[PDB]
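Next comes just one chain, in structure tokens: the form deposited without this ligand.
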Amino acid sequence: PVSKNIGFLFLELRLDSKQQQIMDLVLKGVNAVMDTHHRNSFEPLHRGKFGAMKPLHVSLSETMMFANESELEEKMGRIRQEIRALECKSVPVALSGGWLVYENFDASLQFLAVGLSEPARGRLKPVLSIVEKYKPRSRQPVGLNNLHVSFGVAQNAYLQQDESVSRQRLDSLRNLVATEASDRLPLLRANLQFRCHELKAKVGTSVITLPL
């Protein structure tokens, strides 16, 4: 369908029981601040209905829109082969710094995130380099400067207002979570760490695994 000839690369982060409980209390605390300030709350991304588990992610490419099935296979195969040829056998994922808020492509959703640590970004640099080499030439770039894990997602209440009003409320939301909702970030950063032994790629409607 719409996803024909679309590819995207990412890391999958499955949380253990302790990490799930930490994210419950961190997000509850953030959302108490959102309530106090009459802001939209963040839906936790690590849980579904009835506490069904959902993995978290690190995006490693933009949405890659290839011109045809042949180019999809040519470029994704080269990506897979070159990632396999890397020396590394696993990459660490750990977080550094404060809350970030990233918008999706139509600004309808605002994701509460933390950036990757300097060593985590450094170990992913050779992966990003491979993606940059093979991705289609064909507006939300993924790069070393913005690698992150998103933990919650809120609706943009200002989606249909003037762009400048929506951007102002986004910047004051970013300031609000940083100034008033950051006290449990040391607990999050100490515990939300992972080691990934494979990448994933969405290709069309299928997901493939790319071993390290």
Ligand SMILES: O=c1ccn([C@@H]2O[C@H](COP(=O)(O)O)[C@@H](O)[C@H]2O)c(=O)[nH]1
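Residue numbers count along the first chain shown, from 1. Shifts are known only where both forms have a C-alpha. Rigid core here is just the name for the largest C-alpha set that superposes within 1.5 Å across the two forms. First, how it differs from the form solved in complex with this ligand.
- Listed in sequence order, the shifted runs between these two forms are 69-71, 73-75, counting only residues present in both forms whose C-alphas move 2 Å or more over at least three consecutive positions once the core is aligned.
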The other form holds:
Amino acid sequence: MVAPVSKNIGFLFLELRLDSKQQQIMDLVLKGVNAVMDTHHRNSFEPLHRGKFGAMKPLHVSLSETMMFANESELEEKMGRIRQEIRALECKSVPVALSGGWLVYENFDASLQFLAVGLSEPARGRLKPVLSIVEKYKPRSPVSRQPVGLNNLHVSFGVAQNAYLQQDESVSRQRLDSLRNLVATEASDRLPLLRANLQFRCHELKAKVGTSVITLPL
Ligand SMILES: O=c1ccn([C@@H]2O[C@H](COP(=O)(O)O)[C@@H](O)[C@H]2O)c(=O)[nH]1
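Having seen the form deposited without this ligand, I'd like the form solved in complex with this ligand now, please.
The next block holds the full complex; its first chain is the one shown before.
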């Protein structure tokens, strides 16, 4: 069939649309990181804020794991109840800001390594009511190995292929840990610039509902 996996799946997130200045800042930051990757013969991080023809692509804050409901109608009803419960909050908007240094997250099959920065403490705190609403409605049997919560809220800014994906797991983990050290020690000088400028106020959430993306106003 068509989309047999994604038909019952929902996922909640914040959409971060970069203005022209934020785009230029991320161009500059990632160019400096990738110069360091070149120097050290590592894979480069593809910038996540630009697509084909340099078209701007929004970044995101994931707010839920991949949620697999019993059928498509249950997915749509639960997403609608999340939409209403989020509207019912006093929240007119949620702020997004980052703090700390570079983090590198591996995806579920270790093929991709995401260069990211964690959300600042007040930004994570403002999302706790939203995260509670998600926890109330998510399916009890998870299909993701990585749950999404206050402890790992982040924005990813670039993504590299794991060159050691098909090597021994110990070799790949050693290369990932030295990569984490490498970007932190050698490619951190523009993080104050990134943290000062990659700040957002979101007036709505987004959800992937099956194959579609819908908007949940605050
Ligand atoms: O604590 C975490 C949180 C997320 N991820 C992974 O980081 C990737 C980037 O997620 P995101 O930036 O799209 O939210 C995803 O593959 C996710 O599974 C982790 O490895 N650990």
